[PDB]
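Construct the complete structure from the given sequences, taking the supplied hints into account.
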Amino acid sequence: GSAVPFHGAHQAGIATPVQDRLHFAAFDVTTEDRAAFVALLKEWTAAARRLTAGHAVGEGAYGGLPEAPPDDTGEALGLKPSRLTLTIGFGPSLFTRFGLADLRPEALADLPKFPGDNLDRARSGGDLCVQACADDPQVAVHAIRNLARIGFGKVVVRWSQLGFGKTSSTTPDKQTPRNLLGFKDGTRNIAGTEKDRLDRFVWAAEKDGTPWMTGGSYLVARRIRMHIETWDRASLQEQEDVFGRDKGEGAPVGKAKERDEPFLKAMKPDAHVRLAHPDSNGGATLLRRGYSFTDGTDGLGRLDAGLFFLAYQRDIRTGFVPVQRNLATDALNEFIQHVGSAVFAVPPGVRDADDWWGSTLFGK
Amino acid sequence: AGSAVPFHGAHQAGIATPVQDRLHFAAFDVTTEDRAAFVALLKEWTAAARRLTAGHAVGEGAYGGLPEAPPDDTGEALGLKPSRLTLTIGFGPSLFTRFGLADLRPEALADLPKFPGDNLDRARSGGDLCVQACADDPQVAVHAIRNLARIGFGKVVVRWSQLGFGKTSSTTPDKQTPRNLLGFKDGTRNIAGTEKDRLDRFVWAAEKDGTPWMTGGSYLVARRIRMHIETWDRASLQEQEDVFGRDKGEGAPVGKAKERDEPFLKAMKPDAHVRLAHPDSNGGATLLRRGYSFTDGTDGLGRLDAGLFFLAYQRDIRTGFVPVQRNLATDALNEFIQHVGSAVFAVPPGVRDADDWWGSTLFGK
Ligand code: HEM
Ligand code: HEM
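Keeping their order, the protein sequence lines are chains B and A. Residue 55 is where the first sequence starts when you use the authors' numbering, and the numbers rise one by one after that. Residue 54 is where the second sequence starts when you use the authors' numbering, and the numbers rise one by one after that.
Hints listed in this document are in silico derivations from the structure and should not be mistaken for laboratory results. Keep in mind that the hints are not guaranteed to be accurate.
What the hints assert, rightly or not - Just so you have them, the derived chain A footprint on chain B, three or more residues with Cβ under 8 Å:
| id | segment |
| --- | --- |
| 1 | 112 to 126 |
| 2 | 371 to 382 |
As the list claims (entries may be wrong) - Beyond 10 Å from chain A on every Cβ pair, some chain B residues (computed):
| id | residue |
| --- | --- |
| 3 | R203 |
| 4 | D286 |
| 5 | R287 |
| 6 | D349 |
| 7 | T414 |
The beta-carbon is built from N, C-alpha and C at its ideal position, and this holds for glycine as well.
What follows is the structure in structure tokens.
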């Protein structure tokens with residue numbers, strides 16, 4: 055497939071097929087005028103309509119008046135849409151502006167402090183987020199970079215994160231991707247094909263108390279480093295004890311195939327799978343849509359790499375929070391450290407060529 | 054199709070090879086003083102490079118070993134294709150201050166002069182040796198550097214690394230020329246992998262140059278260049294085009310109509326980037342540029358921080374990067390870029406067969 059439809063009852067980039075690359079970015083609002091903001095959201099929408107179809111924003115990247123800066127920076131010229139999806143989310147701090155306090159959804163709870171947290175405030179939070187996912191990373195980077203240029207004067211970029219998963223051009227789509235620890239990551243997850251589960255664990259409903267979120271979701275972002283050098287020193291058995299599956303095939307303890315249903319009582323008490331399993335959390339279930347990241351080498355010469363964890367849910371208090379809390383005694387905690395965090399209320403979708411991002415929240 | 058690039062040859066792969074879509078560059082610093090210990094590491098690295106470039110796990114594998122033993126391969130590449138992985142090794146001038154290699158530091162491995170406008174981070178510059186990991190799959194390149202580093206534990210350390218999310222170079226003039234983050238095509242007039250007479254003239258060293266052990270190798274100049282994205286995106290279309298000498302949409306030289314139409318340099322502004330970099334403007338000095346675009350989060354001040362990891366292979370740095378870089382002192386592009394990291398490496402000749410090993414010509418075999 056080449057492109058994903060931008061319009062719909064929901065926003066693309068949540069339930070849709072997971073793309074290869076990612077450029078996440080959290081924005082901070084720098085304007086007080088609500089009409090100027092609404093105007094940006096419409097300009098941003100019009101630009102995303104062009105970005106997700108492989109076209110240049112505005113009037114184009116060249117050919118215009120020579121004395122005028124081009125509307126598009128043009129580093130996407132000659133590339134394909136690449137399954138580009140642009141998902142916008144509203145964070146708690148946004149609702150303290152424009153008189154939106156009383157409309158902040160109660161499902162957008164602030165995350166509590168979890169044991170072991172070492173969050174970098176500079177790389178945390180944000181008034182807005184754009185999740186740019188595509189098979190080609192330059193198409194993602196081009197979209198964030200142009201969306202930031204468009205909104206310059208009304209929004210800035212708080213933090214940005216590049217990620218990567220599979221290379222679909224060479225990796226089969228049905229092959230589970232492996233995280234940087236060497237384990238198949240994503241076996242037991244909510245797929246976008248399961249409309250009944252999405253209606254129960256991901257999408258927000260009107261009765262949930264916030265009508266303007268009817269059709270939207272709530273996103274949780276966690277930047278989790280991995281102690282690559284120590285993990286590579288643990289024995290194969292220790293490694294498999296941590297998760298409760300075997301590294302080669304990814305199968306649960308006592309089973310032969312990856313996708314067999316696990317038998318938790320055979321896993322060690324502090325195994326990752328055993329604790330994060332829904333049965334172990336009053337039925338809490340998540341849609342994990344994260345990416346691996348590798349930013350380079352830190353001061354101490356260690357690999358600055360990990361998982362950019364993303365999770366979509368119908369309510370943050372019945373999704374990420376119960377599950378993350380249960381991971382207090384995770385044996386994986388020895389080899390990981392959360393260092394970035396933010397949450398967002400992702401509104402419903404752009405219904406047609408007249409609608410615009412956040413039209414249910416800001417009205418018409 | 055994720056096919057593999059042959060690891061053996063008279064030269065190392067990753068130079069004249071078609072530019073791959075991802076990069077993981079890593080400079081190392083030698084910790085051990087034992088010359089026999091380092092030579093052994095070189096033979097261990099070479100063995101792992103044969104496995105990785107072929108799409109196989111290093112050592113005895115990623116699993117199946119003793120449950121009490123750590124796996125030889127970290128396993129994050131299992132189930133992936135070679136993805137055109139290349140691993141190119143280089144020796145830095147600081148490596149010759151040890152193991153008794155002083156008399157073998159190649160004269161062509163010239164230490165760069167101080168260029169005006171530079172603000173080089175010394176912690177992200179230099180290095181006793183380098184390993185260039187290029188591939189169409191980023192998890193493959195990373196998996197390669199990580200496992201090479203783990204094998205060299207106790208004998209080498211990573212000084213700095215640099216990941217390239219996208220190529221800004223081309224050794225294949227027949228394929229689409231990629232674009233840097235300034236929106237312009239980058240790699241139009243560059244040495245192609247099929248142009249042997251030019252590769253022999255500008256890239257591959259020779260025993261006549263004075264360093265026999267470097268016959269068949271090349272010399273690398275790495276330069277981390279930050280881009281002032283904010284000031285560039287304020288310029289007009291005509292200013293951006295006057296900066297380089299080519300138009301933006303087609304990439305043709307000024308006045309012309311097609312990207313690969315040869316330039317008429319007198320029609321460009323006297324400070325046009327193309328006009329000063331052209332070989333005709335540098336006594337015929339020609340480079341083999343093989344760089345990648347990079348992103349580094351945000352400057353912490355509300356702005357995306359991005360740039361270009363510039364790599365240049367040449368037969369002799371004194372006649373390649375140095376003269377061309379000096380001619381860009383007046384370059385109009387200088388008002389939008391800044392060089393913030395730098396390193397040079399003497400890339401030895403390639404691994405001939407399964408009995409050879411990286412740096413065998415230098416260290417004797
Ligand atoms: C670096 C950090 C992490 C790593 C390496 C990791 C890795 C894994 C692996 C290998 C599995 C088994 C394969 C699979 O079922 O997908 C798994 C399962 C799972 N993980 Fe994680 N995980 C991390 C963090 C988290 C966090 C922070 C959460 C939630 C707050 C989470 C929630 C889950 C869930 C819900 C499952 C499904 C288990 C089941 O239902 O059987 N993970 N993870
Ligand atoms: C951020 C820094 C740079 C950018 C954005 C940049 C961009 C470009 C562009 C757009 C072209 C024209 C298309 C092409 O011929 O590929 C070009 C050509 C060229 N550049 Fe640069 N460049 C940069 C740095 C450098 C440096 C540091 C050197 C050498 C020390 C260099 C040497 C050359 C050469 C030799 C050419 C080909 C000129 C010819 O047509 O003969 N560039 N570059």
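#### Entry: chain A versus B:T414 - minimum CB to CB distance exceeding 10 Å, so not interface
28 Å, holds
### Query
Per the stated criterion, does the least C-beta distance between B:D349 and chain A lie above 10 Å, as a non-interface residue requires?
Violated: least Cβ distance 7 Å, not greater than 10 Å.
#### Entry: Interface exclusion of B:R287 relative to chain A, criterion Cβ beyond 10 Å
Not fine: 6 Å to the nearest Cβ puts B:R287 too close to chain A.
#### Entry: Outside-interface status for B:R203 - nearest CB in chain A farther than 10 Å
6 Å, violated
### Message
Closer than 8 Å Cβ to Cβ for three or more residues is the test here. Does the segment 112 to 126 of chain B pass it with chain A?
### Response
holds (count 10)
### Task
Please settle this one: B:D286 was flagged as non-interface, so is its CB more than 10 Å from every CB on chain A?
Non-interface label on B:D286 violated, nearest chain A Cβ at 5 Å vs cutoff 10 Å.
### Claimed coverage, the segment 371 to 382 of chain B by chain A - three or more beta carbons nearer than 8 Å
violated (count 0)
Hints 2, 3, 4, 5, 6, counting from the list given before, are not met by this structure.
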